[PDB]
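A lone chain, given as structure tokens: the form deposited in one PDB entry.
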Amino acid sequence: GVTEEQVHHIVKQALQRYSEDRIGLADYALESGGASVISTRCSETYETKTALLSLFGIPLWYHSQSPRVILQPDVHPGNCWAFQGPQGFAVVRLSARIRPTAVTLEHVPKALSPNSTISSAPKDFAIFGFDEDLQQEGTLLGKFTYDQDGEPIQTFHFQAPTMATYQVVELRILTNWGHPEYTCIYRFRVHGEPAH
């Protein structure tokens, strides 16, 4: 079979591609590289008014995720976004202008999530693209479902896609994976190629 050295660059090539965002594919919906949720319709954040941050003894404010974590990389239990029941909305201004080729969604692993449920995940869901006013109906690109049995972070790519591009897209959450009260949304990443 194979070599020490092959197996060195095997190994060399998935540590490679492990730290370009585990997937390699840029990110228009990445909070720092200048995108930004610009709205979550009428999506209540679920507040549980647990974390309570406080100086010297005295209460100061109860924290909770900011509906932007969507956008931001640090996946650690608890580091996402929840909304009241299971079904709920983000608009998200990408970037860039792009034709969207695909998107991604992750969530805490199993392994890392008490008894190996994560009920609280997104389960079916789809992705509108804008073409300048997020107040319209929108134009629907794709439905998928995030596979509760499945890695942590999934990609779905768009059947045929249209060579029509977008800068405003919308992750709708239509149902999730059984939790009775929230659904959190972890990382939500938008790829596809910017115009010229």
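Rigid core (definition): largest C-alpha set, two forms, superposition within 1.5 Å. Numbering follows the first chain given and starts at 1. What changes on going to the form deposited in another entry:
- If you fit the rigid core between these two forms, you'll see the Cα of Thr48 move by 2 angstroms or more.
- Superposed on the core, the two forms differ at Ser39: its CA moves 2 Å or more between these two forms.
- Superposition on the rigid core between these two forms places the CA atom of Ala160 less than 2 Å from its counterpart.
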Second form
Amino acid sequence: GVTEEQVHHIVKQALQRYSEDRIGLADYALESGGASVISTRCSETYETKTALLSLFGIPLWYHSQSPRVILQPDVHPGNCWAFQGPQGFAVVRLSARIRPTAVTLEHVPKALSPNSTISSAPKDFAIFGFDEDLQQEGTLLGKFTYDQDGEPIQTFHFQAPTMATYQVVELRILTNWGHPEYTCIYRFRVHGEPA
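Output the structure of the form deposited in another entry; the preceding block shows the form deposited in one PDB entry.
FYI, this one's just the chain on its own, none of its partners or other molecules.
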């Protein structure tokens, strides 16, 4: 079997990786690293708490989640950006020009959600890279599906990506997990190789 010491080594390693933003890959969409949403180029924000703000009011500290939230690591319940319906988009200016190799999408865990369901989670999505900074023909880097039955954090690797580099990428949500009124995005990450 294993020694008590080998267990400790294993646990140490697992916690080291846990503390490296869970997945151990640099995130070029991270706002604190220098990334930003191009607000001009995102879906309109939807307020998911209209029912509570209508019945009890609008707190003096309250503000709607803006697209910036998808580049922020706090993913406690409600710290997600929502748009109306099952299709939406956000364009991100990365902190550096990179050759993109993967993205990560995460949603609140079922265990922290009412009735253990996350129907507002994104489902099918696609990633586009914008060479010039202009609402041009974005070029598809890949198409994926966030699995509502999978782990909260899911990483998607592009299949045979170009050597092409980008500093602007679009997250395009095409379907959601069935919520008939909105979709919300807890955090979006972009990984790749810089210069």
